[PDB]
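Colleague: Take these sequences, add in the hints, and give me the full structure.
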Amino acid sequence: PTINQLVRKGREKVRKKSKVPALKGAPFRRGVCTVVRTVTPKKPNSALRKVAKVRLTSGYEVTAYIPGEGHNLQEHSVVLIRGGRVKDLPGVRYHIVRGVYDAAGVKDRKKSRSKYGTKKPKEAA
Amino acid sequence: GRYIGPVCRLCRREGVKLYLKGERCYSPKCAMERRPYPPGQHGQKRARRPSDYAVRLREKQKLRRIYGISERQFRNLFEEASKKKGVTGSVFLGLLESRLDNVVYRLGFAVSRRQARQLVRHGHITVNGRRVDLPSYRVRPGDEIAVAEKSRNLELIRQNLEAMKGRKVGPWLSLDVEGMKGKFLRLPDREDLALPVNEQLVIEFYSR
Amino acid sequence: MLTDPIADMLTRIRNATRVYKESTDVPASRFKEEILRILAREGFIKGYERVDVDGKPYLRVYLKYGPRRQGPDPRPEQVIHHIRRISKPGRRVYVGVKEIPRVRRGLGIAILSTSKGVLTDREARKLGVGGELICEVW
Amino acid sequence: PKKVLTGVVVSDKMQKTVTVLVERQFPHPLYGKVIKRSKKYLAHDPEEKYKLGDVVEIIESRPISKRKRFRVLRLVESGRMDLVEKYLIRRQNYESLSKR
Amino acid sequence: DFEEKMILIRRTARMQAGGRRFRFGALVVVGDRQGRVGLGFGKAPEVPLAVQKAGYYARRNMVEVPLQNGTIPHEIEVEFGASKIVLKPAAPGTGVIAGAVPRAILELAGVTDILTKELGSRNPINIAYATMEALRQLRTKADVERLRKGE
RNA sequence: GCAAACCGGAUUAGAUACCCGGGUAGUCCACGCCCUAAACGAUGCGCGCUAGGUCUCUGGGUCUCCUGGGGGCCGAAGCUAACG
RNA sequence: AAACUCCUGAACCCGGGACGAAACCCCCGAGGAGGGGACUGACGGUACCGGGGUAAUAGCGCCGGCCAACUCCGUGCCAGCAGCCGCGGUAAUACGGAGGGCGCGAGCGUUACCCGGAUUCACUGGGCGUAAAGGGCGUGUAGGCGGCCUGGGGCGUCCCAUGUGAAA
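Chains as they are written, first to last, in my numbering: chain F, 341 to 465; chain X, 0 to 207; chain G, 13 to 150; chain L, 2 to 101; chain P, 9 to 159.
There could be a bad hint or two in this list.
As the list claims (entries may be wrong) - Below, computed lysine-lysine pairings styled on DSS-like, alpha-carbon distance capped at 30 Å:
1) P:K92 / X:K83
2) G:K100 / L:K37
3) L:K87 / F:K349
4) X:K61 / X:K167
5) G:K110 / X:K82
6) P:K92 / F:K353
7) P:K13 / X:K16
8) G:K110 / P:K157
9) F:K451 / X:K44
10) L:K34 / F:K349
11) F:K359 / F:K451
12) L:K34 / G:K128
13) L:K87 / F:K353
14) G:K128 / P:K149
15) G:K58 / P:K149
16) X:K61 / P:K125
17) P:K157 / G:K33
18) P:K149 / G:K138
19) G:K110 / P:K149
20) P:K96 / G:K138
21) G:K33 / P:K149
Said to hold, decoys possible - Here are some, though not all, of the chain X residues that point toward chain P, as calculated from beta-carbon distances under 7 Å:
22) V86
23) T87
24) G88
25) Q199
26) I202
27) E203
No lab work stands behind these hints: they were computed from the structure.
Every residue gets a Cβ at the ideal spot worked out from N, C-alpha and C, and that includes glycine.
Modeller: Written out as structure tokens, the structure is:
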């Protein structure tokens, strides 16, 4: 780099590739869906996890899962692509609202209702 | 807001008792003496060790506790104190007590924090002539925290008065039980009107 | 070739002050006269001269050796903590007013080259003048 | 205040017009070291009373031709062609690198 | 009578046709709260052994510093290996601010306010050693004079 | 002389390989194209300063030595995360 | 903590109620100064002053490591957790729930996006003997850096004086 080699060039900034090729800032994008599959986190697991094929309101399939056990959809749902890789499904990424036009957490959870649906369990009686 | 409820149940939370709920929190129990240690089933096991960041944090939270406030306004005015070109932390301490709720508390007219705030809110207090409601009110050297004319004609206020006559003011805020009033002066500090804490610890965890 | 002979000089400061040698042998120039002038003046170096070796005008600088320290090995504490070549044949750095460095935020010491010859940090500070930055020491 | 600059006259190859090549100074914002670059201002010589090598002073004016701004004041010196030499040498070396 | 204070420990291990025998270590610093500080690298089979013994090796590898105005003099930087620590004095209204271990030893030193950053390799040990020698290189105007006045 | 590729042979569960009998490309000469390479110091060119104890190619000075550049052993200070 | 007690008066109604509005114009001196008569309020009987005044919404996230908070059945590489290492291959503080607990509070979380960190495009602030990385070596072109003194120009430079650097 020695003063001169420095003066001539100017060391390329950074340029990021981002972890969400959902494009046009889509941490909420359409999700139309189909298929189901299963796979496994690397080696020691086994489960299910859907595959929401989306098409966004722009394009393309991806693998969209949800929170957890207990689905609700049949098709459509407008599942809003979210965005987070976990220890498998080479990509994982872009989970689902759970609420919108389908899903809504499940029916039995006492915590993450802030996205696992269920307004207020409210003992009521 | 201001927690409210099982208040000095949280006095054993610190592990330390405080002039918080006033009466039932000084004399023979802050809910203490009966039992002093962090509440819940887990209180007297055989504790471990809080990391530096954690204990310093603890100290900060204790500060927001004795003053009884959301760390909102608190933290904001802290960096506001960093703006003032003097030694940030200490200057901050003076300008920290300066809030009229617990100011009027240690000035006398209040037994507990909850009290002081409740009262000032209801327009029960008038500094330098103007009757207001704002308890989050800092005061300049030379004011006059007078009390309302019907608030002098109230009772538990007199109780607070006479249950005090024999206490040296924080060497600046004179108590006028002649017609219920308080004369405001100067700026003390952690050496003048101190309290059992270390300030620059809080300061050191504060901004990382 | 040494288009930067000053660099060679302070280089031999590192060398000779490390190897601890009574005084080092080097060439001469008016600049370096002014240099060791201030260098010795601000109580840093011990000496300099205008002698000759092999019939050529050579400069030789003494060094300042403080109290003989001990520990697991003598190593007398050297006044030359460290020097540094600033206006490198490339960075013709220029400076005047609050453009003055600090070096050790208070103490330290530096040297500069203005139309008023070779000055120092606190000196040119009082002066209210400036020029070009050349070297530093502590 | 009409700004002027000391420039080196080149290209007599034109009628009543010469093109001055100049080189200006500046350090570097955030690196340091001074710099000296190409900028060729347009030298307005009414009867080609100036030519190659002869360095002169150049003067900013009003648009006189297609892009031709600037003009010419006092001459500086002759016996030149050395700077010019370096210049066109660089030119040929421009036209010495290819993608064919 | 000082202030016996720790830093961290180490779980050293290796295997053989007799098992996979470990070995343990303790990182301790003896500090009189404010003044003379001392680092202690204790290496031993059992844990509390290494604890107290690294405490006493701290009681052996001593130093102090010009505790100048609840802070330090000049402003400096020190590298050991490929790890380096950064230093500049700060008046009150700044406090002791650095990484875990740095602030730790600085409390074993009695510091009140000091700018200190860390750069390069980020390994506890080398950092601590760098600390110790950097401590040994803190001067005053006095120490300035012995050198800058002549002999 | 030689040897890919190639053939059988031998060996092996298998032998598109070692061990075998052959045998060409080619190895070589001409000019020309390759324009490659662990083109190896895994270490750009130039000047300097900081211990020498010891063999050695050459150059000189009438010479146990001094000395001007190289081929190595060692290791002072210093550098490397460590080897170095 | 509650319950129980003594307590003030949110919200709620009653009496009043703004500022923001003195111009312009008219009369006067001249239609110039000054003074004097005066339309002029949507906002909205609202900020607020007085009275009577009643105890009256609390919710979110974490509880393996980075992090401060762990006790209990269930779950058995199955159902799930998932920022990074990983947790269940039936004694799971990491998955469900329960309790207590920790952060916060009209706020609490989750995701998208720039940066400090990150000295990880290294100017303060980098590396290329084995960790990314020295050209196949020669070679010289533009380019950059220029051994010792005397003076000359004083473009770059330095300080000093001034214009600007608007407001926010």
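Colleague: Give a verdict on every hint.
Modeller: Now for the hints, and whether the structure bears them out:
{"no.": "1", "hint": "P:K92 / X:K83", "verdict": "34 Å, violated"}
{"no.": "2", "hint": "G:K100 / L:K37", "verdict": "19 Å, holds"}
{"no.": "3", "hint": "L:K87 / F:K349", "verdict": "24 Å, holds"}
{"no.": "4", "hint": "X:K61 / X:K167", "verdict": "26 Å, holds"}
{"no.": "5", "hint": "G:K110 / X:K82", "verdict": "23 Å, holds"}
{"no.": "6", "hint": "P:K92 / F:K353", "verdict": "25 Å, holds"}
{"no.": "7", "hint": "P:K13 / X:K16", "verdict": "28 Å, holds"}
{"no.": "8", "hint": "G:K110 / P:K157", "verdict": "27 Å, holds"}
{"no.": "9", "hint": "F:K451 / X:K44", "verdict": "28 Å, holds"}
{"no.": "10", "hint": "L:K34 / F:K349", "verdict": "14 Å, holds"}
{"no.": "11", "hint": "F:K359 / F:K451", "verdict": "28 Å, holds"}
{"no.": "12", "hint": "L:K34 / G:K128", "verdict": "23 Å, holds"}
{"no.": "13", "hint": "L:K87 / F:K353", "verdict": "36 Å, violated"}
{"no.": "14", "hint": "G:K128 / P:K149", "verdict": "29 Å, holds"}
{"no.": "15", "hint": "G:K58 / P:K149", "verdict": "19 Å, holds"}
{"no.": "16", "hint": "X:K61 / P:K125", "verdict": "28 Å, holds"}
{"no.": "17", "hint": "P:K157 / G:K33", "verdict": "20 Å, holds"}
{"no.": "18", "hint": "P:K149 / G:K138", "verdict": "20 Å, holds"}
{"no.": "19", "hint": "G:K110 / P:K149", "verdict": "23 Å, holds"}
{"no.": "20", "hint": "P:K96 / G:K138", "verdict": "25 Å, holds"}
{"no.": "21", "hint": "G:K33 / P:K149", "verdict": "27 Å, holds"}
{"no.": "22", "hint": "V86", "verdict": "4 Å, holds"}
{"no.": "23", "hint": "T87", "verdict": "4 Å, holds"}
{"no.": "24", "hint": "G88", "verdict": "6 Å, holds"}
{"no.": "25", "hint": "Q199", "verdict": "5 Å, holds"}
{"no.": "26", "hint": "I202", "verdict": "5 Å, holds"}
{"no.": "27", "hint": "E203", "verdict": "4 Å, holds"}
Violated hints, in rising order: 1 and 13; the structure is consistent with all others.
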